[PDB]
Amino acid sequence: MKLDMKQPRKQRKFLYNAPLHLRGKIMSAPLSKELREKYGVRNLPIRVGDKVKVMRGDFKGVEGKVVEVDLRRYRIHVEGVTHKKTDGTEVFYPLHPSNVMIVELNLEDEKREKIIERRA
Amino acid sequence: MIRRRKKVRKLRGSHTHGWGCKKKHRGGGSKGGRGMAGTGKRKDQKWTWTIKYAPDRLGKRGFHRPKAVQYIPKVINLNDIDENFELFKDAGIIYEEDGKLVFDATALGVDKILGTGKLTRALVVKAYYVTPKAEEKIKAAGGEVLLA
Amino acid sequence: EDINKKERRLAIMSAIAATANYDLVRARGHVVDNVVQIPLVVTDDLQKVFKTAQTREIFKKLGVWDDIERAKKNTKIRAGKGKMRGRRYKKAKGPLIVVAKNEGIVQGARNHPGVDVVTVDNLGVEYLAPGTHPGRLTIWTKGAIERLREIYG
Amino acid sequence: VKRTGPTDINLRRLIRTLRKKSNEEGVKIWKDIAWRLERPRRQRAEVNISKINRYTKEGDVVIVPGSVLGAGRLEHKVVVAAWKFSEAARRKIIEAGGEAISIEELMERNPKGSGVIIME
RNA sequence: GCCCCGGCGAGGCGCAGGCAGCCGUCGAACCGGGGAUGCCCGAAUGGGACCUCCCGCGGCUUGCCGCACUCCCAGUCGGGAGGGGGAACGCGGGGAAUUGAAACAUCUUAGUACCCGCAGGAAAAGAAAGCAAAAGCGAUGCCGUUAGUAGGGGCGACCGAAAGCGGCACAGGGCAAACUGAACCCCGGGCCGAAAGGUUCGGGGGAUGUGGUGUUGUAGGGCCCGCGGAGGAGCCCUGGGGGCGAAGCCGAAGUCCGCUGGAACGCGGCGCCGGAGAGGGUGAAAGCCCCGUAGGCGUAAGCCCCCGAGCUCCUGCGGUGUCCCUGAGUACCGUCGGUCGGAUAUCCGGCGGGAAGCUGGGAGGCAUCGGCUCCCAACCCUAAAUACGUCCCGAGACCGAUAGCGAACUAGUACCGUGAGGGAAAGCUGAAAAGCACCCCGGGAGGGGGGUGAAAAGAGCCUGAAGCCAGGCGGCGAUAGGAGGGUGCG
RNA sequence: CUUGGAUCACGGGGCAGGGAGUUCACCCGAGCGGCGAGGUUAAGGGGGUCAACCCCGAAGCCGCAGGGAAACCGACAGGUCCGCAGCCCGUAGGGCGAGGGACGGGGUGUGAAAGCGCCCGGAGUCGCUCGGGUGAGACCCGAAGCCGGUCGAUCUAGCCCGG
RNA sequence: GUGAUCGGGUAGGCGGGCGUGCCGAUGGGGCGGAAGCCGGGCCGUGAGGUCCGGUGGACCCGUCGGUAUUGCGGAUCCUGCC
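For the record, the sequence lines run as chains A, B, C and D. Heads up, the first sequence is in the UniProt record's numbering, so the first residue is 1 and it goes up one at a time. Heads up, the second sequence is in the UniProt record's numbering, so the first residue is 1 and it goes up one at a time. Heads up, the third sequence is in the UniProt record's numbering, so the first residue is 103 and it goes up one at a time. Heads up, the fourth sequence is in the UniProt record's numbering, so the first residue is 2 and it goes up one at a time.
Hints are computed from structural coordinates only; laboratory data are not their basis. Each residue gets a CB set at the ideal place from its N, CA and C atoms; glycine is no exception. Do not take every clue at face value.
Unchecked claim - Calculated Cβ distances over 12 angstroms to all of chain C for the following chain A residues: (1) 7; (2) 63; (3) 85; (4) 104; (5) 105.
Unchecked claim - Partner residues aside, some chain B positions facing chain D, computed with beta carbon under 10 angstroms: (6) 4; (7) 58; (8) 83.
With these hints in hand, go ahead and build the complete structure from the sequences.
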């Protein structure tokens with residue numbers, strides 16, 4: 001996407017009122033070296049069914065799996081990453097995919113494969 | 001260069017800003033009228049100023065002739081002819097033909113040669129008009145004039 | 103604000119002669135303990151360098167890398183409402199490269215923080231005296247000095 | 002209004018040097034020239050070659066606390082010292098067999114200022 | 001909210017964080033392009049409106065078409081135009097007063113505010129019956145100067161140009177008449193052609209002149225004569241190539257080791273890229289985590305250029321003349337009103353008079369005579385350079401919620417007035433709701449204990465000041481006289 | 001404010017935030033700076049790393065000659081004196097002496113003319129800042145009123161129609 | 001060094017300094033706790049500056065030069081609160 005503006009307010013406004021076909025890109029995450037030297041790609045947009053390693057936060061180290069993506073808030077959910085309520089019931093803790101590394105890809109769709117052979 | 005401070009900045013705290021009593025900086029009565037009002041034609045507030053500083057401002061003296069009729073000549077003095085002797089010689093005006101030296105009347109294109117100034121060298125000058133003093137000083141320097 | 107040509111040019115010349123002095127350059131804030139000459143004249147082969155790595159190495163061998171590093175380190179986040187309007191990261195000044203003809207040295211050195219590249223037929227007072235403080239660290243070329251021998255200004 | 006002084010560090014240095022040189026040698030001409038250089042700018046001296054030639058004589062030494070301008074003709078040879086010169090004045094003085102120099106060099110070539118003439 | 005073609009590639013159901021559920025991998029939402037449906041009023045239009053709802057006439061098979069007013073072409077059928085809207089900019093008309101002159105009447109304010117009408121994406125002007133002066137220029141329009149000048153004015157206050165010089169941008173064509181005389185235009189249907197274009201039938205007009213020629217100045221054109229016979233510059237797309245052109249795509253390099261901390265974007269150490277150290281986000285201050293950036297690719301329909309493509313509509317050069325033509329209530333003169341710097345010398349209009357017309361006619365700052373110089377009115381079209389910004393991109397020594405637009409927010413909203421019209425207030429939990437499980441008292445709102453959290457920051461939510469109020473502590477305190485203070489000793 | 005305020009003269013319940021010599025165009029002066037008998041560019045043009053930067057562009061304005069209503073005419077780059085600073089001789093004083101002051105000579109208008117007025121022995125222009133004057137709302141608030149175009153007779157005045 | 005021959009001040013004129021917001025440069029600080037708020041210590045004729053403790057939870061100051069919607073007790077001032 002063309003974003004050529006040295007005005008913070010225009011930047012932030014774009015980020016807030018961006019259309020939905022461009023939010024997946026902003027939701028990109030990095031890959032592991034073991035997948036980079038295999039596919040030749042440094043980042044990809046995130047997708048449910050992918051396995052994840054948390055590289056930042058209180059759940060630093062945890063390995064998990066993606067079960068929910070929310071574009072309107074720019075967040076994701078990872079099984080294994082939850083806190084308890086005062087009741088005692090467990091609820092997910094929402095993460096940003098800048099703090100997350102992909103360690104196993106879900107490839108049962110031709111369009112992801114086309115993405116890869118585009119950027120390799 | 002020298003950038004000095006404005007004085008409203010010091011008058012902040014003066015209560016009048018240099019104007020006197022609290023009643024002196026109101027309007028047009030404070031000035032005696034908007035503009036050059038009261039100059040002596042119909043009223044006489046500033047008639048004193050008029051007769052001290054601006055006399056000959058009220059009335060009519062003379063006529064003007066039209067611009068289609070006015071032609072203003074160009075004038076050079078012998079001072080200039082002497083102090084510009086090398087440029088006019090380097091380019092144009094002077095023609096060193098058949099002896100002596102010759103000065104021509106078309107530097108700017110001129111009509112009158114006036115007499116202010118001494119002259120050192122001796123030339124032969126050709127111009128429309130030349131003045132008696134100029135003629136005398138040229139003759140003395142040892143040159144001659146030949147009217148066109 | 104209007105200014106006259108002749109005053110402008112006299113000021114430009116004074117700024118040149120200032121940058122040619124060692125104590126003014128050291129007082130302005132530049133690291134000069136390794137620099138070799140001050141004024142630093144160098145061949146015209148520097149016009150065709152178009153890679154920031156190569157320029158990094160050349161500056162290390164001359165002695166200006168430490169001034170580039172000072173520039174990078176004294177870059178700071180500004181105080182005020184300018185941060186709303188953008189205009190944060192008050193950036194520091196490094197050295198000038200003065201060049202007769204550009205043949206790649208702009209692409210080559212344009213990213214290094216604080217550095218500027220300029221030709222001699224386009225020389226101004228703000229490249230040489232930022233903030234009204236003369237003594238910027240300047241690297242000239244033979245072509246530039248021989249073009250100044252003509253211009254004188 | 003507050004009469005500041007000259008803004009040229011070199012003028013100021015010269016003024017101090019002159020006052021101290023007068024103290025050293027035991028004379029007055031240098032202190033006099035100092036207070037004439039320290040006089041307001043809308044008043045500083047402007048002298049012409051007509052004037053120099055009128056009131057000078059072959060071999061004389063002249064000091065102008067200001068600017069010398071080219072308007073007139075110099076018939077004989079002179080040594081003129083001044084702060085500023087014009088191109089035409091240099092030309093005309095060099096021609097005729099003269100010197101156009103500075104007050105620093107005058108104080109070098111003559112500390113006591115014997116025979117010098119002030120033209121303001 | 002329904003359909004189709006493309007892009008993106010997995011989630012989605014507006015501001016708006018809910019319950020329950022549906023759509024999507026046969027390619028969605030979203031983005032670009034194109035289509036469908038589209039209640040009533042409204043120019044509002046078949047006819048009517050004290051309530052944005054009612055009442056009808058023909059013709060064809062409940063369903064449909066048609067029927068306002070004023071006009072053009074036709075004419076018994078039909079085919080077409082106008083009407084209303086639009087911030088500022090634009091053309092044409094009508095036209096004040098406050099105020100200033102230290103009162104005021106001529107002047108000024110001012111050809112202003114406001115009113116009436118007419119157009120567009122630009123409008124208006126525009127091709128010398130001109131400017132000038134012994135020399136010369138060559139349509140209009142805009143900038144800078146000329147210049148507060150010439151010049152107007154109770155000659156007061158005040159008002160106020162042009163030519164020229166320097167530049168932007170450049171471009172010229174057509175009628176009327178003379179001379180010919182239907183050799184001409186349009187509509188509808190039919191046959192060729194890919195089309196641009198060409199050929200037949202029936203109607204409308206045109207001898208009160210359709211078509212051709214012709215267009216200007218020390219003259220030009222026609223008729224007559226001779227000689228010569230480069231309208232060939234342009235229209236179209238069955239064709240063959242190119243460039244520009246949507247949504248979009250690719251895009252380098254650390255999440256390395258220790259400490260603080262709820263969390264590194266910090267502090268120490270060791271590295272890497274760079275045509276990329278612009279800007280923003282992410283649990284604190286990040287060139288190397290993500291978007292991007294420097295720099296490269298990609299695009300439909302449509303617009304253009306080279307060629308090939310077939311296709312049009314009248315004619316030059318020179319001579320010679322007792323032949324002809326060249327715009328009328330017009331030029332001009334007097335008078336009245338208005339307007340202008342226009343002064344005995346600006347422009348517009350009314351009234352009364354009024355020409356010549358190529359052996360001719362006009363201008364040259366009072367009128368007239370002569371001389372010289374410049375030009376040919378009373379019919380038409382015309383790009384470029386210019387003005388604006390109800391909009392877009394992009395920027396900022398601008399403001400930062402009593403500021404900045406009146407409106408950072410469900411704002412020209414709520415609300416006020418019969419009405420024309422007037423007009424507010426109101427931003428911020430936290431990294432994550434983890435938005436307080438459970439127990440005791442209370443009719444209940446709620447209080448007290450316990451819990452979450454790095455911190456109650458507890459939605460009556462960042463920080464949380466003063467004035468004000470209650471309580472606790474300290475000092476004084478029911479025989480006492482000054483604007484509530486100063487100096488000194490307790 | 002006032003000659004005059006503790007006043008039986010005006011303003012004055014408390015706190016917090018807002019709140020009054022600005023901008024243009026011309027003119028008079030100064031504090032600095034550049035060039036200098038010359039000074040200075042405007043619109044605009046070209047180049048660039050593209051609102052910063054660099055080069056060209058003197059059209060015009062001021063100045064170098066003034067007098068006079070106009071026609072028109074058209075001047076001292078120093079002849080004398082007194083003399084501050086500073087220099088020379090010295091021992092108090094005396095000599096030259098720029099800038100400064102006073103005479104003399106000249107141009108022109110007016111006049112038969114003499115004499116009088118203005119003028120002539122080379123310094124101005126271009127910028128930044130500041131003080132001020134004049135005009136524009138012109139440091140901030142306050143009128144009664146004058147003019148223009150639209151709205152209203154559900155109040156009240158009058159008239160008609162039907163009750 | 002001199003001042004027996006300086007030391008009150010309305011209108012008014014002149015000189016130097018304190019403080020507030022933004023720019024171009026230079027030098028620094030900050031989650032081991034920035035700005036702001038409360039109470040106190042020291043310097044300063046003074047306008048005001050700086051430190052200690054507490055509260056608070058992300059930005060801020062100095063010197064040089066420039067710029068400005070640049071300083072309040074009052075207007076029968078405006079807004080909000082008491």
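A quick look at each hint next to the structure:
1. 7: violated (6 angstroms)
2. 63: holds (37 angstroms)
3. 85: It holds; residue 85 of chain A is separated from chain C by about 39 angstroms at its closest Cβ, greater than 12 angstroms.
4. 104: Residue 104 of chain A clear of chain C: closest Cβ-Cβ about 37 angstroms, beyond 12 angstroms.
5. 105: holds (35 angstroms)
6. 4: OK, holds: residue 4 of chain B within 10 angstroms of chain D, min 8 angstroms.
7. 58: Violated, about 36 angstroms.
8. 83: holds (8 angstroms)
Checked against the numbered hints given earlier, this structure breaks hints 1, 7; the rest are met.
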